[PDB]
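One chain comes next, on its own, written as structure tokens: the form solved without the named molecule.
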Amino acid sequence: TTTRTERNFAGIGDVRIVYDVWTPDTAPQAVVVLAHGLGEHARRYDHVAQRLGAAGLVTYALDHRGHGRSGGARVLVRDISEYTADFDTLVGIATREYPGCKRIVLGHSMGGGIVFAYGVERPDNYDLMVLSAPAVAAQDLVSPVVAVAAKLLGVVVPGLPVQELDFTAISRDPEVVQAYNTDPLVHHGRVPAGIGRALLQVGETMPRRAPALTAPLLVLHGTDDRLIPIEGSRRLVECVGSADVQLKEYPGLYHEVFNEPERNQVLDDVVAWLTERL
């Protein structure tokens, strides 16, 4: 049994950041710091924390600024460092609360871009990294027109919409799409210029930032992901410095491998990979 506690901290700019702490009834084996993606929130991850908790892992999961229960204007960010600062604050909380535990940083989609960016900025500050369909090559996802728009407007007008998103691509389970579409806490609008620029910051410098990743890395990616082409992940595992790196491709899964029908196998793979590296 894994028990959820809700807490908050002051993120950068005094924005109120809400986060969950999931704690199991076994001696802590490691802490997991988890970053969700664009327009969603940490309560879309209840089942991931419960499965991690069954392996004795304590999961910390924040609602990014502008998401979920956290403060700030919805999906507003002006620089990638806003997201990574707040992620770093939560890493510190978990580090002070469970010293002597290994530290796993886990991120999906935009959260995967945030965790990669954090990781190359602080290569020595975590032990294991796990990325679900990481958004590390957004420049391959937007047109040249969208790219210049985001790069020129993302600091002055970070809420300006630049890019539509196909939400039916997040999962091939209709119930998952429907649950996303009816969630009053998720973003149903377009991709804003702010997040676009912030993700472009990550993508443009990924090939030379990545050799600074030394810690072990696991990447998960569905082959039918039409939100983030799997090719991006293949390219990332070639650029990372880490010798212990694997890409697990799941044939036929859509973008959110953790919400797909096969999610229990995906999570079984994650738990196995993590458990044997503690």
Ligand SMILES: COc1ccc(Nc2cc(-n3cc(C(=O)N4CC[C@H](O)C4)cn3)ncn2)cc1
The other form holds:
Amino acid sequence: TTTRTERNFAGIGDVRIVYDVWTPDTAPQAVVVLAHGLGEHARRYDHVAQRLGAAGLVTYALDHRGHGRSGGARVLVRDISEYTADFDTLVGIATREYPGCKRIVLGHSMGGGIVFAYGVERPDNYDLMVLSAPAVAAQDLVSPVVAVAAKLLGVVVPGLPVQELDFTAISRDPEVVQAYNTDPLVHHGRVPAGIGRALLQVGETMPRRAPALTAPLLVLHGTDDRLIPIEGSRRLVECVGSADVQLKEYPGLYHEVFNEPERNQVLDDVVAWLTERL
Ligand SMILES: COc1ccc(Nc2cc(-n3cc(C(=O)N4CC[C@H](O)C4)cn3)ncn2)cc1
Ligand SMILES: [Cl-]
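In place of the form solved without the named molecule, output the structure of the form deposited with the named molecule bound.
So here's everything in the complex, that chain up top.
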């Protein structure tokens, strides 16, 4: 009952940014603008958009530069502002197309870092924020060696590999891990210096900037997340300015709560939270 329409816009640097619009066959109650994480793409969110559409929400979801169907050197970025600028363009598209709708910004992992960074820069451009295991404390995740390498090299050689990732940690469903590994649109390499630098840009300023986030905020995190420790989300909710902030911890879930076996429970919680607050 929710149909997908694929479009594109010209991002920073004239990069082709592909995005999906998911429209339910019911009067739209709000728009969701969704940012995926490192190395994935927006078509890993079909079921999320479909569940949101069943609640009457319209979802806009882009493939970030260097990801999925969009253009750009794969996983290449030099500054967090490249990602947030294209996210801002997508928010503006949704705004001009549904000007009577509240706007929800939703991000997972690196995309949660993008959404947080957007949210502190444009805190009056959206109404509600939802974050899935947001990468807002990346500095606590690498050795100082990787952090120095990324900071010094991320503008000059943004494609240089600086860290391996355990792709088996994305989900405890082997079918999800298998589908990731066999997806031709997904990045199967290492974390490069440029994305490293961008994540550090978010993580190093999060405590100082999070007071500017005053919109209602929902954070979702699996307690068994081995990629982004849940301790970082616990710290995030202590630093934001919002009085209406919640961390929903899911015991035993891995990183991708929206893809875990319990995903329909997770998405029920998101829909309940959103419906209370629109
Ligand atoms: C400074 O440079 C670095 C610093 C820290 C690290 N450490 C990390 C990073 C991640 N990330 C996972 C994502 C992501 O968006 N994902 C993956 C799962 C889904 O596909 C979305 C982004 N970062 N996971 C675990 N350890 C690496 C380099
Ligand atoms: Cl690589």
